[PDB]
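First, one chain by itself in structure tokens, the form deposited in one PDB entry.
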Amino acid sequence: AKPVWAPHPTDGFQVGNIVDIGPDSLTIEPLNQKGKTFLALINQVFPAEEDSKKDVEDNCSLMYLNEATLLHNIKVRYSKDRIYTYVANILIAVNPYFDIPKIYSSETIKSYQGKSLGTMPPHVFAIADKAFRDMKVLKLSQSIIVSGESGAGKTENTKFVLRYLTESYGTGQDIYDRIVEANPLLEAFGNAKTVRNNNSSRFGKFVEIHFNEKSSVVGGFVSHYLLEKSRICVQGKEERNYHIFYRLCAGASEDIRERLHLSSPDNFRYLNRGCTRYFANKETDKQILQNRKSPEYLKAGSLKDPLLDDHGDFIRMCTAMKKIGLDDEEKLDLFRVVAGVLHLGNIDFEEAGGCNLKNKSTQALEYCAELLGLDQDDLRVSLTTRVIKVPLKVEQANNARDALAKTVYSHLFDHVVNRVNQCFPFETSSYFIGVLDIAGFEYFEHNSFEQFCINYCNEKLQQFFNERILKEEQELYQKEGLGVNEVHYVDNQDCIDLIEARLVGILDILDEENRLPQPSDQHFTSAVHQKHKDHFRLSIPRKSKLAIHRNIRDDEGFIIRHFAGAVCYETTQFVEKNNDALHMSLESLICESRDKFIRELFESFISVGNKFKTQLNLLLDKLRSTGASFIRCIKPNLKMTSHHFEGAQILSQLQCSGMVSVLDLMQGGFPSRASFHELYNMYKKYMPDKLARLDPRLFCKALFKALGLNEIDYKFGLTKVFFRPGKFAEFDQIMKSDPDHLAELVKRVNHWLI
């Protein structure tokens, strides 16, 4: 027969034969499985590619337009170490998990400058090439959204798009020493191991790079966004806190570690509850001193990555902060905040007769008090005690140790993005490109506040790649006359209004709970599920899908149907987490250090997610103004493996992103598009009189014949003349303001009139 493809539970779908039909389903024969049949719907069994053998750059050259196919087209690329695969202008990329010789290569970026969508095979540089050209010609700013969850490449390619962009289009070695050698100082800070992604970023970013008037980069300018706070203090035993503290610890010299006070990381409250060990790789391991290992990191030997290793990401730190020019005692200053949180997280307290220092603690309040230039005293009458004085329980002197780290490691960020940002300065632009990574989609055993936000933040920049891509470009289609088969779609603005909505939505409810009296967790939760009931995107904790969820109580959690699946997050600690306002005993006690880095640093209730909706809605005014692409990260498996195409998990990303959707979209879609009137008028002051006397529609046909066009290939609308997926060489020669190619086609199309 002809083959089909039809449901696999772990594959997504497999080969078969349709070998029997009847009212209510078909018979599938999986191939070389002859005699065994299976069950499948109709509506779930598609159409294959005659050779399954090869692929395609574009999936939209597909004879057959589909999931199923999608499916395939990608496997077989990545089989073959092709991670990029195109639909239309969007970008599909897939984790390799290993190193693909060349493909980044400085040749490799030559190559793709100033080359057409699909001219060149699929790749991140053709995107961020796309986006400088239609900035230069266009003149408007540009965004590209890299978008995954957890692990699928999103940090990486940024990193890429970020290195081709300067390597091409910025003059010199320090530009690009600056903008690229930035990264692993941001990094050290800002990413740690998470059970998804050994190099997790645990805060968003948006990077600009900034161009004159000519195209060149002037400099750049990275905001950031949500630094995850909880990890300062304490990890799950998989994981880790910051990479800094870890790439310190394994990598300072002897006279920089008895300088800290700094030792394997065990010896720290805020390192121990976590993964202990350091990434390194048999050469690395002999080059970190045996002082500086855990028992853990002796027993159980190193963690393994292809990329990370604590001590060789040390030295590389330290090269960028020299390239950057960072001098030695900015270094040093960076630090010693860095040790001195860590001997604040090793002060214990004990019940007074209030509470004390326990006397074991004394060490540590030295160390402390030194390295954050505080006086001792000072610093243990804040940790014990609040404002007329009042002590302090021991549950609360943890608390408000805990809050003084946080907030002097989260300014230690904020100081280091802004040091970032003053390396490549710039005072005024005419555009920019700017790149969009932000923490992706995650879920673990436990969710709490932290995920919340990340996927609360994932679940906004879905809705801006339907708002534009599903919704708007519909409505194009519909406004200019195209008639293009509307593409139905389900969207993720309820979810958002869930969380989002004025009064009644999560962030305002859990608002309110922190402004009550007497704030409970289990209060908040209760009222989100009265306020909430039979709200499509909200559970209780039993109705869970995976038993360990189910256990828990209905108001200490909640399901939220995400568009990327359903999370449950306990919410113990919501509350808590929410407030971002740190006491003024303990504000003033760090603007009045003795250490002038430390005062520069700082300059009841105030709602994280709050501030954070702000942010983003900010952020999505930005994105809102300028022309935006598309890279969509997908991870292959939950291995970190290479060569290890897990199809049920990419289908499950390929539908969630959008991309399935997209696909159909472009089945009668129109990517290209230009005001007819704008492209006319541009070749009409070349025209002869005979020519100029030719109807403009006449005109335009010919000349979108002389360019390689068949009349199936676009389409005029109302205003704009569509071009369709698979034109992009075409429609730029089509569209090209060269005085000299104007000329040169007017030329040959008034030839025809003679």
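Residue numbers count along the first chain shown, from 1. Whichever C-alpha set is largest while still superposing within 1.5 Å between the two forms counts as the rigid core. Compared with the form deposited in another entry:
- Residue showing a CA shift of 2 Å or more between these two forms (rigid core superposed; candidates 537, 415, 293, 159): 537.
- Once both forms are fitted on their core, the CA shift for residue 277 between these two forms remains under 2 Å.
- Relative to the superposed core, residue 219 shifts its CA atom by less than 2 Å between these two forms.
- The Cα position of residue 509 differs by 2 Å or more between these two forms after fitting on the rigid core.
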The other form holds:
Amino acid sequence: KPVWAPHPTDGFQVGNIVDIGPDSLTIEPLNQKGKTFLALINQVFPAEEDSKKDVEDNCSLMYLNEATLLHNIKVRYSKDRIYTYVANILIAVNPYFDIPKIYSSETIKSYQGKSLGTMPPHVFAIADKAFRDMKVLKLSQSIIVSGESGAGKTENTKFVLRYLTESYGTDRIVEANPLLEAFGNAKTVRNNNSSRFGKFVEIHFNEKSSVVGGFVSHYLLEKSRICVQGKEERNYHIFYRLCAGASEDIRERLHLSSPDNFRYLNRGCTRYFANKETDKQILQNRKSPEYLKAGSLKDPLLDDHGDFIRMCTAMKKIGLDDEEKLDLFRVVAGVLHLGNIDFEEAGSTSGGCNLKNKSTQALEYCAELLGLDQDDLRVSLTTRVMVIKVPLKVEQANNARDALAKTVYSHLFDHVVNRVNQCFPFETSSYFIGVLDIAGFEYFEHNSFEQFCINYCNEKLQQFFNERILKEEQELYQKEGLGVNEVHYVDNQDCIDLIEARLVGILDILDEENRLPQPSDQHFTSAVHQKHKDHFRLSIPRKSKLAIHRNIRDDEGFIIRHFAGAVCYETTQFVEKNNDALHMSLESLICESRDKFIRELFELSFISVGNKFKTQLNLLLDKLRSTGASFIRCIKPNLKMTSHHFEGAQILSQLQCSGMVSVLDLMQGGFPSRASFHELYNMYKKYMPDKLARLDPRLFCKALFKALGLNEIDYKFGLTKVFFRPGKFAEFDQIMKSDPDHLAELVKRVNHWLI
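Starting from the form deposited in one PDB entry above, please write out the structure of the form deposited in another entry.
This part shows the chain on its own.
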């Protein structure tokens, strides 16, 4: 009798239907006799009879729908059970605090070799199932960890890596994380430890299924962050870890000071993450005036001083020598000092510029740290070669300085990722388990090239999700004659082609612009609109429903009609953001550095960022399409980074946008485990007496399952394979186990049953 009906902030609320009208149901909220509200018929769902129970697999619910799924994960979350299955897919709700012992070495050991469902839902069980599938099927595997910014993708990715290396090893793969996060993570409004690059981490195994090494692929490091941030955000953690934690000897060698002293840090938040203890370990000369007034930033995970110490320990553990450590820090400090080089107008018509007299020290420190001559650096930032050496305007000098900073830092990040790969190499491997941790679809008031690339990535990955979860799965069910109700989808190749098609795609049109004598963002934007006037996925910014886009000219942006939502991209800076290469004069200044480390970072100048990413993404998709896939859907419970605060409407929105709601019936009515009658019969054959061997493979399988007490609630026979339903992984694993004693025992049971 009680049903779930909409609620503005909780998503759904309990009530009883008291009336029906055209396209409406009248709902009486539970225990509020007399009070009523209207709800659309299609927005009212049946509720589970027992409101207090919780199930480990949502497929176990009598009435699985968006409302009962939300309630089940809510009840579990209230009891610190953050992990729940939907058959073999895992839902992980971010707790925003450390739940005691759930990631301990004892917990890790408890998950080893256990069938899904034998143990409580956990990220370790997804990792173990991928390992078991890898070993049994002799097929590499991918674990895709998805969700909103701050949902827990990076934390769950780290739990998977720790589980696999601790269980199936003979520590560097785990130890590499603090190093990569130092250079590629930063505080954003949505996450204090936001990943500003995407990654695919592979753990490689030998023929005995033991760890031999790893490989990290990195994507789209955010360059804009290097030079300026929003007042509540920070630059990359490394800058603050260095300022908070460096010894006075290092501070002096690098000419470091409190973060408020650097243009590249001082528009963002200049405070450190610290607690009462670590704040006393940070020296007074590292603290900005805002830190001394407002106090430290608080986080349960991050600690700038503590993290610097842990990073140095990680560097030692991985084999990074003390010399390489200082080489990395010198580049980081060189980029900070570069940012302090300021310019002033020069010329009777302000056509040129000069370094401000106050910037003399910054020029000196920067040149010293980057191994450059002060004069060549000053000249390269204030003039342009076209031979002919002409003055730059102040705005152009600021751009040249910032371009050099962004390129040096991005090359340093490429160096760090490569150095980490060199710490766990392998000459050969039989298979791998790869973990994908990349940002999904996102949009803000202002969307630029960074959002354009991430949303393009999302179109391609969404297509992979559709092809694997819906297309391939249902084609198997249909071919096998299973009669599973079909879930349809609309393919997005038209959106992918708009962005990436050769010659006509937006990325190619943008590259065309970078190669022109006088590149222009406006010329690029007009070329897109002119080429794609008939494309239903593209529109001018004036077509938008929002007031913020009313002033955007046709050549100043474009709208992409992604199925996830229409996004208006402002095209200013698309041409500059699309170039990974430095101008020839800055490139030569940096390639000719006195410092070997600097020359080694760099060992018409144009490298397409868009097409570099397209090639990388295609290599990633080649790997995903050729491996088995497991999915973890991370959920962010609130926008306040707080524990025990479940925002039902926000969580419901994520469950809907992720596509999880659209597949609930397909997963519940699906068959995640299967084997052919032939492979089963062939495995048992040698143990069979004649009476069993004489049976056709399908008939032997039927006798085996009946003897073991299995029924239609556990399995269904297809044309060539047996299929096991959700919540039947343990039963399937028993049938599949190839140990001679185990096979002989099951045959003994079948022989006894048959009599």
